[PDB]
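For this depiction, one protein chain was excluded, whereas all remaining protein chains were kept in their positions.
Order as written gives the chain letters A and B; numbering starts at 1 within each chain.
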Amino acid sequence: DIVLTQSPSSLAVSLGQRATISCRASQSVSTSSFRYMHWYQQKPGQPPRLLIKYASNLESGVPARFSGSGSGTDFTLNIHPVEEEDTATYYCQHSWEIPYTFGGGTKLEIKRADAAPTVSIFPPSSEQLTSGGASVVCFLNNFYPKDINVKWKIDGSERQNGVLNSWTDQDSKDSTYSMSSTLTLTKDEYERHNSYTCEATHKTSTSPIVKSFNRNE
Amino acid sequence: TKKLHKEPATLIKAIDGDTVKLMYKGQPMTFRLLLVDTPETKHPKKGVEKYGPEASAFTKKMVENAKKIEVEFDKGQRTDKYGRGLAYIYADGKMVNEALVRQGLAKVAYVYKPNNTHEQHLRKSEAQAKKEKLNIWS
Partner (left out) sequence: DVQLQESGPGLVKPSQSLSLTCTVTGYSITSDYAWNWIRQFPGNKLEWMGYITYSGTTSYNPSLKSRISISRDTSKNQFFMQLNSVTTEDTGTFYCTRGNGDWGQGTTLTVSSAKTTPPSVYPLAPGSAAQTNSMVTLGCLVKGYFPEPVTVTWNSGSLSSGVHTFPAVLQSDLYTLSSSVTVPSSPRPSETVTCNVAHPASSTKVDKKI
């Protein structure tokens, strides 16, 4: 029962540069038509897709930038002229014997010139407030280094009782990230306050980006 | 029903593409992969056709690497002519005959009767392998 180990678990490569993903086999899987390892790609939300058929051997339709190599136990997937859509997690599989063991997974991140978030603040809709709850939302769209933290200011006072952060997958066309930031309060706490602030802190910015609004009935 | 059933057969040695020496229920027996036309690596004539070695490298590993080998009777005659039992070799549920006929490593062949049970199957894989430009068809 061969255990496959591919690394590193994360691969971040400057858009347009080479990317070599390794996949090591416990036992050896070769012969005289074999090099019984194939490669899959998996975009988020989607099922894996076949890339290479027998270590080498590009599948049909797959671009020519993908290239598998490897003999014995060291097999590698190469995607040299790396591009935006090459954001995915690429797996290796062996069919030298059942059980067909899959790979541990290797996440591929593409880096680029620093983008910067476009902040948007959203007060609680009347409907929600009707049900006693109040969720003030802050979207931070299209920024690059996924390193961005956001603080919450309730009338100047920082609040952390309710922050629900979530990050989108690395984008397939412009390779940026986005994040939703929700602060949940009670209709009571909420009505008590007036100036709600969301100030994004991210690499690209000497100070925090910030947006706010004055609560109203 | 009353069609067929496989019987386990333990490996002994892979000879050539369509030729597998398998320890069958009791005494050792040679068997010929049924319906395929896989090139040779032996023959005092012809020699070592392209895909010859390869085609064999497929068969040797499929069976040598299998956990449970079942063999299958064809409604013709287990006795071939060279003795060599004629059969449908499976490796862990897979048909070794089709695999080779699908990776372009033996074209459909030697159509006779009443053997044909797997005829329009090796036929469909080969076509596919034909639509593709695989190994033997390139």
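Keep in mind that, in the parts below, contacts are C-beta pairs under 8 Å (C-beta built on N, C-alpha and C of every residue); 3 or more make two chains touch, one makes a residue touch a chain.
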item	value
Selected from A:135, A:172, A:201 or A:205 as touching the chain missing from the view	A:135
Selected residue (touches chain absent from view) among B:42, B:75, B:94 or B:130	B:94
Among A:20, A:28, A:157 or A:168, the residue in touch with the chain that has been omitted	A:168
Of A:118, A:172, A:201 or A:205, the residue in touch with the unshown chain	A:118
Sites on chain A contacted by the missing partner chain, in the whole complex	1, 40, 46-50, 89, 91, 98-105, 118, 120-125, 127-128, 131, 133, 135, 137, 139, 141, 164-169, 178-180, 182, 213
Touch residues of chain B, complete complex, unshown partner	90, 92-95, 102, 120-121, 124-125, 128
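Note that in this section only the chains that are shown with their structure count from here on.
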item	value
Chain A and chain B: spacing of chain centres that average the CA atoms, whole Å	47
Of chain A, residues touching chain B in the complex	31-34, 60, 96-98
Of chain B, residues touching chain A in the complex	53-58, 60-61, 65, 67, 92, 103, 105, 132
